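Build the full structure now, drawing on both the sequences and the hints.
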Amino acid sequence: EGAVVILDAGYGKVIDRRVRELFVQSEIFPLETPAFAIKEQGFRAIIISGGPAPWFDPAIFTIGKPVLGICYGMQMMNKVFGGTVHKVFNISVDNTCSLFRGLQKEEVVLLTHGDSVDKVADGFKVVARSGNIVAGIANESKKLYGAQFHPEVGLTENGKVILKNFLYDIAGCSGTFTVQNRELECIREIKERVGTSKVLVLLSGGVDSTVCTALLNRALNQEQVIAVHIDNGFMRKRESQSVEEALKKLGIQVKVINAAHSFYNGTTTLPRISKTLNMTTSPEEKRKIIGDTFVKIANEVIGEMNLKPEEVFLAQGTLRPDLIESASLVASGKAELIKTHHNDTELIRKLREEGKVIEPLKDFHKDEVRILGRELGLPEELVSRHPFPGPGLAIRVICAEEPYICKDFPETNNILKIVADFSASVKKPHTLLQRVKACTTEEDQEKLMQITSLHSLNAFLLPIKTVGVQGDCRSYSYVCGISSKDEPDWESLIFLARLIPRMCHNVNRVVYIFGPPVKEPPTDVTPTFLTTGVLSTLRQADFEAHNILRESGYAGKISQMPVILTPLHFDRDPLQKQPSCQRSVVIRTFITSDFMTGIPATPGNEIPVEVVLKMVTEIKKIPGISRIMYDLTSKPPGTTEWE
Amino acid sequence: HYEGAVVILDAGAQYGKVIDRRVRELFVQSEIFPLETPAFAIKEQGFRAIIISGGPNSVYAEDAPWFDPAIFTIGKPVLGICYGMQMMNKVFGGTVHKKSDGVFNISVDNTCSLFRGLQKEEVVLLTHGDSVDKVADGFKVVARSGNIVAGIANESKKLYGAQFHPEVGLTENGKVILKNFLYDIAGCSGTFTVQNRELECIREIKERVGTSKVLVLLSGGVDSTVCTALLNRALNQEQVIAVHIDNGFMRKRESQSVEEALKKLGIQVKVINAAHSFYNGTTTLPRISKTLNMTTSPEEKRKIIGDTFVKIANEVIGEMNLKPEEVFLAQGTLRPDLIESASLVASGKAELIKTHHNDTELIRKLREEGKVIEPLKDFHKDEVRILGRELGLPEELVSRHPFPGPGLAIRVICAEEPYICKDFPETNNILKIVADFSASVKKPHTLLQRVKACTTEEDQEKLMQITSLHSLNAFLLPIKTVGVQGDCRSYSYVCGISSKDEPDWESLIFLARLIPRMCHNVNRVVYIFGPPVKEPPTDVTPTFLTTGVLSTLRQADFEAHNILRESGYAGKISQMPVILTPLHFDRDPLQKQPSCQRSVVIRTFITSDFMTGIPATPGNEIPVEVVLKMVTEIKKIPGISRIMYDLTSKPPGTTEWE
Ligand SMILES: O=c1[nH]c(=O)c2[nH+]cn([C@@H]3O[C@H](COP(=O)(O)O)[C@@H](O)[C@H]3O)c2[nH]1
Ligand SMILES: O=c1[nH]c(=O)c2[nH+]cn([C@@H]3O[C@H](COP(=O)(O)O)[C@@H](O)[C@H]3O)c2[nH]1
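These protein sequence lines are chains D and F, in that order.
With my numbering applied, the first sequence corresponds to residues 1 to 643, in that order.
With my numbering applied, the second sequence corresponds to residues 1001 to 1658, in that order.
Because the hints were derived from the structure by calculation, they are not lab data.
In this text, a Cβ means the ideal position worked out from N, Cα and C, and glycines have one as well.
Wrong hints could be hidden among the right ones.
Unchecked claim - Taking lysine to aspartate or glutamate pairs in the EDC-like style, the calculated list, with each CA pair at most 16 Å apart, reads: (1) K1213/F - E1369/F; (2) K362/D - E1461/F; (3) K1017/F - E443/D; (4) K437/D - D1378/F.
Claimed, not checked - On the chain F side, residues computed to face chain D include the following (Cβ under 8 Å): (5) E1036; (6) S1100; (7) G1102; (8) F1104; (9) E1172; (10) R1450; (11) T1456; (12) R1517; (13) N1620.
Following this line, the structure appears as structure tokens:
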């Protein structure tokens, strides 16, 4: 009703995105959708696409609605009207055709391989040509248009113009499907669902949660929205306070629960009884404890608020909510805590089973949430923040009592010494060099020759466990460190960072260590747990790196940047027998679309060397810091986080 | 040592590998080197030409990586792409505009050597960075996009720059451009073919191996087979010892047709019939495991199979009295590693010999002594097949889809008990509402409100249409299957869907994506062929890795694959697991008939890399009628209740069901 239906035979998502970017509402339907169903719903126009015969209602062409056939859609269109078939380019277009007004006679388009029109359907006219291949057809009086190319991609340079001609000129869509209007529709639906009931929101301090809170407050009375922040003791420096301050500025008050002590001393049942969080080393155990503790506290706090419990809603900032979550997913990463089953969480269980859990942001994409936040009056600084994980800094401290050394340790280090000193090592061949040779490509070997002669590198295992993905599985295994005598050549390090995990599948990460060469890598660890002093050190480190990044103008160039503390104290004379007391900081830059794959930022490339070095300079000053390191690993085998 | 060869200096990490691929497709040898490689090294190595690339970044950046400007002056032809052109212009005293990336139609100077054979107008991928103001002296502008300089040339020193990427397909005639540079300009002859690479590879095998024997463990897969043929072609008949251990989990007569094809080419294969050894195989738990033919757990299946294989392999080397000190082991692996991950062994494809096993001393020694070689390491997947043909292997043999080490063992869902957790009834109620959405919406209750609250407006709309046009049932099946959610593997429910009417495939595929988004306790969604399933089973047919169960699946797998092959669409799918499930449908619940029949799943899969992928949609990548023939045919096999079609993509699914 003012909208446009997309029927795909395979592109639907892409057309959906382009139509949305042009401020028209776009629902995708299955190809078999009948025309009466489309007429009943009041769609203004129909878009039909598909790759290089499935059941469709030919009435989609006959019911008097404008139709755009892209590719297969164009073929269907032609076939339905009698036409036949036989058997990136600069094509010719007839800019008098409604679809093509305001284009040049010549257009760059993405043409896909497959069938091509022979007899052009009666009442239709050819309106685009690529050599002889018919690239466009049109019946103006029936407002049916076929294009062989895909205007919905960016590789078709003026595809946005074509789509505009279809939606506005031909179909008469007015361009009112904006974030502003969707926000107002969203407010109306919130008013309608909630009525006079109170709404509790569990505000974590992240972007989605804050916009959700601001949206709920905008939709409802001031007295109807209760924002509750449970501080788990693992949040960054000053960023709890500034979220409260921003929401306060908008007339929204936030109830803060200072629950740090209950998280630090958190303990739970394991799939047996866990250690307290402040004595745990296991990342899986950290997540369960924190997950289980948060929910117990949330459930209690809801209890304490003396609300009529059949007039309470619980609202979340989740963009992709689920009915049932898996505990497997809770154990390993991001997950909806309130959607999994727990003990001592009756109130939450009741809200869930009563249909009182709402996700107002479910109809918005991630970029839209930001625009939504600006519109609701939140500062741009706040809405542009990088994601920050629920368990916060807890998964950013590598905790250990003992060094991580398995029986493969000595061999792997021998392999690594060869890799780092490859050009020299080739001049004194031994058994293990031959194994390296037998497992690496001629091209890789040759590139290794150059790299290791142009620079003096050391490579070695660090006695710590980090998470990584090997095939379908998460795995905990070694970090490999590289240091150099002179300034680092970044691209060469990136290369080693890919090469080493390929050679040694027991290596999950390759990092670069800043400063002088590491002649004697530690074989011991600084004892490290989630204690208030350790968290204090990391908070200051994380703060400095993030401020430096932000002040530099480059914060938007990276998706995320975990800053990690490791139990490693470097540069002790081994014949001095001095104990391991200091810790070391990793900078883990990450660039990604979807967080399934991604790359570090290469300094000199997406981020300036100077910015990175300034981080190193500043963090070194923090008391208790041995070395700074830079994570060079891609995902896979890396992951964004270190645990 | 590199005459006839070209060197690629990549300032970044992106374009080096693409240029390398393109150059190799042009039959020229290509080496990727660091940007900072000195001119004299390039000179002494013998390279015929240099290609330099990198991205939009400024060469005037305080960051700009170091390079040896004498690379431009050693007298070898140079093609600079984007960053490379920017470097080139800077070196020879040009400048960039003070002020400040799609696909444009640009103009090109026909007479410049780089552009011979092209029309003046050309479509290219133009990058977005710095643009040439003062063109370096001795250079002429040879390509233009509006006012922007897009190409430069110095013909006398054979130096060419382009502001676009001819190495990408989206530069329509980028191949012609690279051809002009490698052939017309640099004078490469195009000797770097699979044929000549094979001859070089043979020379290298003779050299490393001498008169020593080479053992190869022939798995039956393409890589293993090509490797075996390769080694035979390089050495004597007496030198190559090919051993095929039959693990009992192979497909119908494909460890015969691989022995036969190799014998016909003069290659003898010692076959070890070890099926029974695997069936009753056992291993330590990561305590003794159960026997393979009594195991339900896929981790145990893999470890048992993996451990047994290496133990027998070691046993065979022993009985031949082959000393590791005078013998080699060869693997068909494309991407070998020195050290294998112990996790990967237990969960999927891995090099079994590059991990420590107990009681495998001869294999350990072969690895430790550097006697494991990988002939195929310098070839890509597409080249392996070409190589196999050139070695005289049959097209049907080099063309086979991958088939996992543990074979059919991970394609039988083994069970004694139904898989049922506390979430079972709740999940079934959710699925009932999903399947019956438009009718459920007409009579709304609390659970419906939970469904609307977790679904997008769009998905609800799409779901309204679907569930009014067809009458569908949806329900959990009481079995476990592997799935990947985010970073992690999971073992959880399969959801089933049946319909009164003919299946609408795109609707089912939508449902297949929706249901796992709503219910993260669900790893897969299948379509069950035939009449509606009114009363889903809550019991399972007890099922283990036993000879009769294997006989049945082997037959189902055979039929499915034959139909696929004889219809011509075999090459359109990447892999087709056929899976046996412990499920007996259509028993009248008010009668207490025991579960004794089983059901077959067709799992079509399409992928580039096996990290993500999709099922084939019947009527899309594969004809409906071909799928329906598998259904008709497989149903005839004794003991088979229903046929199912896997609708799940990866993620949340995986290729295999275990
Ligand atoms: O809320 C969260 N709870 C968690 O336990 C968790 N673990 C990882 N992450 C975030 O998810 C994204 C992917 O992280 P990985 O690449 O390490 O899997 C990145 O954005 C990570 O920060 C989490 N978020
Ligand atoms: O040699 C193997 N041993 C195994 O244990 C194994 N498990 C999966 N596969 C194959 O690997 C690819 C990925 O499948 P998944 O999506 O199930 O991980 C698919 O091609 C699978 O056939 C295996 N191969």
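- Task: Determine which of the earlier numbered hints do not hold for this structure and return their numbers in increasing order.
- Result: 6
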